[PDB]
Amino acid sequence: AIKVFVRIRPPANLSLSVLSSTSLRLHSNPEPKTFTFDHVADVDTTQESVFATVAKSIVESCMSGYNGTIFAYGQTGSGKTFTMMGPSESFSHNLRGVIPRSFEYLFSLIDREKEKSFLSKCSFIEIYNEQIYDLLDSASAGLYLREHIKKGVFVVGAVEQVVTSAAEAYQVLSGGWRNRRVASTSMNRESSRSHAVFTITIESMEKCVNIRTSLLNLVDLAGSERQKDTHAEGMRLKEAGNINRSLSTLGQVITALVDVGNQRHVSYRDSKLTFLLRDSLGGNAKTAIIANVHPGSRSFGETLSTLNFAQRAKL
Amino acid sequence: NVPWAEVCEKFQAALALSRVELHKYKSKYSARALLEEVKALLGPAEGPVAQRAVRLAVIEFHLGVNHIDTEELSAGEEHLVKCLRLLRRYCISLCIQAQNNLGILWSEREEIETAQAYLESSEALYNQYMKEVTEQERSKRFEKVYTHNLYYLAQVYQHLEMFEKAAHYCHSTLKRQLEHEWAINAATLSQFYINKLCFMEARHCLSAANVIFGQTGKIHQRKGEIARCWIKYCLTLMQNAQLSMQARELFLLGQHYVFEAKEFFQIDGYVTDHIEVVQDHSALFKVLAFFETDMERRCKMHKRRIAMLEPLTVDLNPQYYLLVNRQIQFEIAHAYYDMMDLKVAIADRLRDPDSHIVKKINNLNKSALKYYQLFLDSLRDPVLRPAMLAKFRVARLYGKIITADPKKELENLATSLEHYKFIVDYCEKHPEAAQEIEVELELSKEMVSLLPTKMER
Ligand SMILES: Nc1ncnc2c1ncn2[C@@H]1O[C@H](COP(=O)(O)OP(=O)(O)O)[C@@H](O)[C@H]1O
Ligand SMILES: [Mg+2]
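Order-wise, the sequence lines are chains B and A.
Heads up: the first sequence runs through residues 26 to 37, 48 to 125, 128 to 152, 158 to 250, 254 to 307, 310 to 362, numbered per the deposited numbering.
Heads up: the second sequence runs through residues 3 to 26, 33 to 53, 84 to 128, 134 to 176, 195 to 241, 248 to 286, 304 to 330, 392 to 527, 539 to 613, numbered per the deposited numbering.
None of these hints come from the bench; they were simulated from the model.
Yeah, the Cβ is synthetic: ideal placement off N, Cα and C, and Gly gets one too.
The reader is advised that the hints may include incorrect statements.
Label pairs and their computed distance ranges (CB to CB) [said to hold, decoys possible]: (1) A/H271 - B/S92: 41 to 51 Å; (2) B/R281 - A/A428: 27 to 37 Å; (3) B/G217 - A/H271: 51 to 61 Å; (4) B/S216 - A/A18: 42 to 52 Å; (5) B/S99 - A/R613: 46 to 56 Å; (6) B/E202 - A/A428: 32 to 42 Å; (7) A/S164 - B/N64: 22 to 32 Å; (8) B/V313 - A/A428: 17 to 27 Å; (9) B/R281 - A/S523: 28 to 38 Å; (10) A/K407 - B/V313: 23 to 33 Å; (11) B/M280 - A/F409: 33 to 43 Å; (12) B/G112 - A/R541: 46 to 56 Å.
Straight line, CA to CA, 20 Å or less: simulated SDA-like cross-link-like pairs of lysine to any residue [claimed, not checked]: (13) B/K192 - A/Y466; (14) A/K36 - B/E270; (15) A/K263 - B/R311; (16) B/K151 - B/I256; (17) A/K201 - B/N287; (18) B/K192 - A/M453; (19) A/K26 - B/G184; (20) A/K36 - B/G268; (21) A/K226 - B/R281; (22) B/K283 - A/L221.
Input sequences plus hints: build the corresponding full structure.
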């Protein structure tokens, strides 16, 4: 079943009251409405508490070989960048993110588990203007996704690196995040616009053979802006004074979504982002969901749409 | 009041910045600031001059695009409904621009009842415009806003269910676009026709897509699009086989189309397109049961199809491959089922106990039970109704096909009996055919408890 684990960034007109960690009460303007979830993290919970309980439990269960689907996600100002990347590089334990904590915990599991062998696969990708970019090489740009016959879906142009320890992982992750700082100076104007995906895939040999795989995603999708995120039970309305060629292409593909029938073959020509995610949602693994969120005062209607998206994840 | 040169330079500055701020940290904030600076510049604080009326209409349109830049259209909604109220009090194009902004504002209201009511009044205004009371004789911009509000009424049609209405009107939009990348729109129209049962305008839009790709117009994603055109060609043939089952020239055009399909399929990769290949090839090689000898030839041909599928898909193996190959071995199991029926037919009508014949048919039988054992490994012995159909099929395979020494039949019927017991205490739900295998298991338990005590000694 789906285990929704959910982190809330401290908002400090929140209009939210929290009775327990499972359930939130959301006062709304027409009428207040209560929303229950499996696990909702609050202001008072720490980074280490979420890491320990949520991340340590799920990473342990991931070590068995199921791809528990850990991902950061959110709108603009969601709190993703502080908790995973950290605000700046200025070794500071609480200010550095949960990602090197996951590195040191995974390599602690690796060396205490280590009786080809346990193999690390890490990759950073960022998607701007529907184009794949790798931060390792500036030339690496517009590389194309392919799902291989390995069952390993990957970017054709990308080259992974093996990592022996969490310190080298911190060096590579700080180099990639420093390339994100340099990239913030570059054509990547906003983290809202890009789709930055850091994935960790961990391989294991049984004993020498059979391969066990876990996936740890750090996704930085569209933010709070209102142009994208292909399907919505709110605004399924493409809104724009543009050329009806392209508007009508999207109108065609949503008309194909009308032309399903009354056995959904999940769409792969929709977006490459959601294909690189369709390996996860509806994958054959445990449905463990670490998700970051943030409720927002300002876009209260769109954060109601995200809470309804959390119920859509629940169903 | 603002004179002509001043309102023209205000128009030029407003449209210039509002259309240069979209090509490409806070440029759109300053763009909104300069548009509200123009809103301060208008001075908000026949009969008279109607140029002031068309000016207030077009600057209320600019107020609407300012508010959709803010996405805080509420005061803009009130000012725009006041403007369209005073325009409804009174015409060539002010009504149609007010109708575009009216549909936009009630679309951004995001409530389906009032938006659909205002959009039916929009349809009233559209046919009142189409009663027939510059760029090219006051027709070109009218044509592009005709595309605009026709696509937005298609949007409000798909917001409701309205399948035939949105399909007919999207046909109208693509035909109005074809008055002066469209093969996928014809593909979705024909896909709607696949979801329906009429198939003449389906063929007409196949020919339309073919002639607009032959006349695309040139001073790409087309490979997968024409691949899906092959897919809907063989789906039209599948619908013909459906209406003929539940002539020769249809099979000939299907064979030519699937060969050209095969070519343009293996040209463009790929991963999932080969799943579509084995899907529609197994469909057209399964439903075309019309002869005897050529029936055996096309059975050997689809065995060749799965045989060229096999030896690189065994190396493939995702868990996704376990799912899709569970469906593929389900199809191959049905193929072995009616090939078992063909085997008992050719055993009735020809001398079966020749050595190579019985060797070949027990080879196919052991391959069928091997793939059934692979379906057993699909369940982790160390959504479920096809598994009940497969339980029926493995029970019939455990019952009938054994021509060896009669010692495995009793344990095979015992395994199917305990599987039937496992289903009737695991689901407590009605099957579709397993009452026949229930009484068949009763009679076979009786006869293999009786007869081997008389024939095995
Ligand atoms: N849990 C938290 N506690 C305190 N401040 C936070 C927390 N999460 C985020 N912030 C702050 O909020 C701001 C926006 O967070 P950020 O992670 O950049 O959101 P996003 O990644 O969605 O843009 C940052 O300045 C960050 O320091
Ligand atoms: Mg961020």
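Evaluated hints:
no.	hint	in the structure
1	A/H271 - B/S92: 41 to 51 Å	violated (59 Å)
2	B/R281 - A/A428: 27 to 37 Å	holds (33 Å)
3	B/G217 - A/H271: 51 to 61 Å	holds (59 Å)
4	B/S216 - A/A18: 42 to 52 Å	holds (45 Å)
5	B/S99 - A/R613: 46 to 56 Å	holds (54 Å)
6	B/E202 - A/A428: 32 to 42 Å	holds (40 Å)
7	A/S164 - B/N64: 22 to 32 Å	holds (29 Å)
8	B/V313 - A/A428: 17 to 27 Å	holds (21 Å)
9	B/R281 - A/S523: 28 to 38 Å	holds (37 Å)
10	A/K407 - B/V313: 23 to 33 Å	holds (25 Å)
11	B/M280 - A/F409: 33 to 43 Å	holds (38 Å)
12	B/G112 - A/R541: 46 to 56 Å	holds (48 Å)
13	B/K192 - A/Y466	holds (11 Å)
14	A/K36 - B/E270	holds (13 Å)
15	A/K263 - B/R311	holds (18 Å)
16	B/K151 - B/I256	holds (14 Å)
17	A/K201 - B/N287	holds (16 Å)
18	B/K192 - A/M453	holds (19 Å)
19	A/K26 - B/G184	holds (19 Å)
20	A/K36 - B/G268	holds (16 Å)
21	A/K226 - B/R281	holds (18 Å)
22	B/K283 - A/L221	holds (15 Å)
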